[PDB]
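Shown here is one chain on its own, the form deposited without the named molecule, set out as structure tokens.
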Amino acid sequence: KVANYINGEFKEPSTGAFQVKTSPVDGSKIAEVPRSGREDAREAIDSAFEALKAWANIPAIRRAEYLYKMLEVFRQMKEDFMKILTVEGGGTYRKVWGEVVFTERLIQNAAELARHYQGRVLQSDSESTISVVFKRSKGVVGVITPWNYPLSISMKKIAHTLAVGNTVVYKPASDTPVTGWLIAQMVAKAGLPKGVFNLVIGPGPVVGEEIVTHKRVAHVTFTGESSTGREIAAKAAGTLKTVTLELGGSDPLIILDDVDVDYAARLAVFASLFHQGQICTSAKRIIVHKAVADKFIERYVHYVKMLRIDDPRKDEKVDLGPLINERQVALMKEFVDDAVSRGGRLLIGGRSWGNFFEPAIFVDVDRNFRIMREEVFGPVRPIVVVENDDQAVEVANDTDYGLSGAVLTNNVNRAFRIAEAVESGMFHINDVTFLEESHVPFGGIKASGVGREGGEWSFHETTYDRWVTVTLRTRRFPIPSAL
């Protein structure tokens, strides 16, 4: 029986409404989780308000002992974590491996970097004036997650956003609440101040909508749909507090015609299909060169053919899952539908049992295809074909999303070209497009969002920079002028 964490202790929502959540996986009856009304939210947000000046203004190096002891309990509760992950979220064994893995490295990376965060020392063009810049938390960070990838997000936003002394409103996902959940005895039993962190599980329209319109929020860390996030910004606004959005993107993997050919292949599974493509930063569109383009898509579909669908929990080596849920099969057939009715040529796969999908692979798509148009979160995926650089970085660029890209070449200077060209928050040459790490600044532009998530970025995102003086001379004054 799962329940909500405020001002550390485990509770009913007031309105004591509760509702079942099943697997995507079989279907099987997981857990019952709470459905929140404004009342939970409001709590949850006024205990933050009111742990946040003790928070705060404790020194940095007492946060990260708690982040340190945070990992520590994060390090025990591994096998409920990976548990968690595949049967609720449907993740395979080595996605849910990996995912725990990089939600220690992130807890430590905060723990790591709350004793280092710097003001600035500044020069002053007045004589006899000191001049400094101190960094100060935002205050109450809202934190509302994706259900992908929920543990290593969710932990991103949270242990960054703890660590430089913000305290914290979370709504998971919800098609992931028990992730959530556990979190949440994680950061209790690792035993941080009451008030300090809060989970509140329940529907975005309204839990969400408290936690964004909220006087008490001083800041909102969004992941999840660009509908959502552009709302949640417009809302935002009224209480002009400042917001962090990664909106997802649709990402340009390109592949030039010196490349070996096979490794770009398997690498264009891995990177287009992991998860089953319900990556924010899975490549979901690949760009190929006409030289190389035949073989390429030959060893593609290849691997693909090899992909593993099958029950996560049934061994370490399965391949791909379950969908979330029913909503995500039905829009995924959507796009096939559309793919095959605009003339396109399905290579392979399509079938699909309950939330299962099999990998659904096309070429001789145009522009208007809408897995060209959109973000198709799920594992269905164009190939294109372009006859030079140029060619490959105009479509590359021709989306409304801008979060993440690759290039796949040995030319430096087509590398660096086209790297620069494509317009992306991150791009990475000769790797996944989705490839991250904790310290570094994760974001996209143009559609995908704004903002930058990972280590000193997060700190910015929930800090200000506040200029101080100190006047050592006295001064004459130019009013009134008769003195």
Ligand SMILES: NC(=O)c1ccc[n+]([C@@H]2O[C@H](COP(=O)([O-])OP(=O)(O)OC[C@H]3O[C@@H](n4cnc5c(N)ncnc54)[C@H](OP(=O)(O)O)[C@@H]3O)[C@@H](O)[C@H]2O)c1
The other form holds:
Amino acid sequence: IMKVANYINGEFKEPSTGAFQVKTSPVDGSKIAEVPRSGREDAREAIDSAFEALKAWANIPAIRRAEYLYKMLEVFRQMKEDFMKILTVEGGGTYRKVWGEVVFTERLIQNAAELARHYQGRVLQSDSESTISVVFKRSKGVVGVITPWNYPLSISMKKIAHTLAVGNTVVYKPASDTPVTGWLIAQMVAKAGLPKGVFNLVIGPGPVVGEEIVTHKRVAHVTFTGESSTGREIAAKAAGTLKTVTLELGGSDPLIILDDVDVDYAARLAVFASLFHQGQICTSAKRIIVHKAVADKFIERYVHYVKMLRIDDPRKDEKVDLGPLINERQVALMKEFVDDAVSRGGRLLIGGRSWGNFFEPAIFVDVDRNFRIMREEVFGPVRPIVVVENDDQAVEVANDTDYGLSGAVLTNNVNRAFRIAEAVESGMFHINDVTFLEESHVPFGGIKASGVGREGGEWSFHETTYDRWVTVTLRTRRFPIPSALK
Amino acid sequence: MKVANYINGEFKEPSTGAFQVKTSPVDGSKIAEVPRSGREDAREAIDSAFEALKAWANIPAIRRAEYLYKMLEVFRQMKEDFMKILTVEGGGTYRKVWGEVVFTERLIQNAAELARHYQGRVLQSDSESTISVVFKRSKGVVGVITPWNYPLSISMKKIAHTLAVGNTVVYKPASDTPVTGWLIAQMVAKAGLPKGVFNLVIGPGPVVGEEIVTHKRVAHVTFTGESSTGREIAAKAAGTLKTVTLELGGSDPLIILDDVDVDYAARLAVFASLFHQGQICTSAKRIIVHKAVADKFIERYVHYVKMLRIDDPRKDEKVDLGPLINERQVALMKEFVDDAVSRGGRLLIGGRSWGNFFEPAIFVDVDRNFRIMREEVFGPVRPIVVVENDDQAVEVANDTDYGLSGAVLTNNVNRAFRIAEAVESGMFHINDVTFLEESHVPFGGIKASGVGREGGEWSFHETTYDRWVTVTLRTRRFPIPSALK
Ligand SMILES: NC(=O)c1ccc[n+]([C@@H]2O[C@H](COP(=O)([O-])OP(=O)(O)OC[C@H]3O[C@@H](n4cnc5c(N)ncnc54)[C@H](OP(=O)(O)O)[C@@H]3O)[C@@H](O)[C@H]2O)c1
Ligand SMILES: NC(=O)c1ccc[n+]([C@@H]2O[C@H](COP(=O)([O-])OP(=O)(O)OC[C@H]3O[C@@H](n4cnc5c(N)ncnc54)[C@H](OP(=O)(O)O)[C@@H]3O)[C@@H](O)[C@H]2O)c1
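Could the form deposited with the named molecule bound be given as well, to go with the form deposited without the named molecule?
Then the entire complex follows, led off by the chain already shown.
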């Protein structure tokens, strides 16, 4: 009953040119909706609207912004089943995946509302007599939000909800493969009645709409989640107007399994960590590293559970384990990974078939450091298992990557756990749990090629505000020039 | 005098043997031969810092604090040498260089005091049986690239705090102040810091600085300098996803309302606008006065400016202003004066120059199109603008691309706070100079003035990252495969 459109300055509307594109389902190729193909002028209109809305939005008390976010939370709760539907048909997520994403998104919006009133500055001791010295927190201004296709709702809303809570306005450009999720977000914001211009949605190509956002002089900050190469390009262009950035650029997270574990549980945990959402998760367990003393048993058990994974149309029922990859380019890439591994002498334990956008888990052993699946982020269900002889070796292999997002170790030994945790070069680490653990109010982010900054709760607030030192001097002073005085 | 790099615990010549002669801005006399290092010397320093990183970051903080307390001890014995070099090399007066040295002692001590106290967080987990904490970790090897105006205090704020928190350092001082940098390395060497923890490389920004900024093993660059340079650095830094701290100058407003002690305001304004010949990022560069006191203010201000004594800063302790750092700066100030005259500006006083010396040029009848209103004037040329009310004062104050500091002079609490809130700057001062600065406060700007904050724990935030770690104490069930069982 409704057309998909941009949302700019309180109004749903077509791109100025009227150009559109057809969004199809990765499940079966069927048509989902025609969507805007916006260009530079649509981006500019959104930026100007965000800019004009900024001062009124930033200057109201935090409690008023919290109120708007609680309204959004209310509307989101009403829209849950619409979001689940779209995440499944447009993004290819299974029922359990999209259910989890929606539950997390509810928690994120609530978290941002909860924290709005409580972001504190500092009162300082002055080294000088008769002076008051404090630090306020101020919003950065208009913030560009540029997001990916894998968890398009939760990733977008973590950025959007927290950025808004602290008095910034937003220009949001969703991934081209997930525009309907972006439009549903705009629907939610509009029904919650946020002031015009405070939130704007522009649907269009990254190299056009996104680049205008990154280079516009009125944008103060860009928060971006996507590929490491896209991020470095954005960071470079952002420097032109000295805007700050937050960048979460993918990972190749190590899951380290020691010899003292419950092997069967380790295998159940490893299967979930490595293959959930078809491995299309930035903090997926992309490189599995097992101690030789349990390697045979682990590999056997891991493959045993992988055999059970059910791959199907995710709309079929609630128990489907894996849906399709997002598009044909992803399938082609996964084929290259498999092909490279096999040609290098790698042992394909299980899997390898694809059809349309579907791609089965493909598990390898007997790999070395020059395999493409050891050297690159594998954003799909192709996974190497590496056998190591001791903990030093576990750490060496774990760190032999350009990335550094998350990581995990399974062991019951407190010494081995903590030593490995300290030595693994990552922004996040988890002992006895999956690599993709995530909470709404924790600092989520990486080091090395995985990007810059942290998002979640107050860490998001840190990214999109600045500290403002203000003093009051209560005494008159004498000055060193002109020395001829008095 | 001959000066060298300090790399991996050793004072050494650049590998080309290339050197150049540094002269005094005061009289053009020789001061020293200094390295003209290249990309290989920078690479060596970076490599040394990288190899020293693990051992330096992983010792307890109290150990790093001890080294800093030792640096403090050595610095205290070298004070006079720093003052000498700051005057002869940088052109600073006795009062200026004394102030910089006192502040530098405080900076080093502040970094030592704070090292053991930088805390992470223990969080509430939304999950059962889960411990959730956040550690602070060193970023790695940090490049520090510095300017010539306050070469000691600016360098040490960055150096000491960055070291305190377990980073190693590659330092490239400004080409006009390389002896200051060498003296810093002397201080570090005598404190006995482990080899490679701190490294000095003297050479051209476009060669040595470029290599630091683009090298794969550098984790962070902290930079103080011109806005244009900063933008180039930030762009280059993106190639390897290193983070940056940038302080890029200012065009700070000093706002004077009609309820002030006018004579006091004039005295304060002279100090704020013209100390170190206005070569301060937080100099009061645009003076904005309420019409009700403007005539009286302008007269008193010019009266005090008249009294300033400009001379060889080596002469005695009472010289008010020395020279500018070089002839390029004098030529720039002449451009500013030329533009103001051409636009109808009224030169109330000053403008005389000889060699690197320049007598403060004060203009009235200026408007928003003058270069001295539109650009950072890093030197002794200052406009005074007259406004009719507080709204206009704010409009003029914010009509700049910069946003570093600013100040308002008034006894009215409502006007002071409303003006402070409305002025777009990273720092603001009520009833004091624009260039107020302490060792442990967040110093930095917004808009074109740069990115990030330095000073105390704010320096720590810039050169560390947060690291979320959890321990899960229960086993759970997972959603795939659903067939389980
Ligand atoms: N670190 C994390 O927290 C994390 C978690 C989730 C996702 N991811 C990463 O995201 C990757 C996949 O997502 P993706 O394919 O969407 O990554 P992407 O190709 O880098 O694109 C991400 C977003 O940037 C836009 N874009 C492309 N070029 C741009 C440009 N020149 N200027 C501005 N924006 C531009 C894209 O728009 P278009 O769609 O129109 O091209 C999209 O909205 C994963 O491989 C993973 O690396 C990382
Ligand atoms: N915001 C603040 O805290 C603050 C306070 C003090 C000074 N300043 C600013 O600093 C300006 C004056 O200082 P400045 O003349 O030294 O500015 P600058 O020309 O930008 O140079 C600063 C430093 O950067 C180096 N440099 C030049 N090009 C480089 C490159 N391509 N890559 C890496 N490094 C490079 C310089 O080395 P070389 O000497 O070899 O060129 C110097 O060490 C003032 O105008 C003001 O804007 C700002």
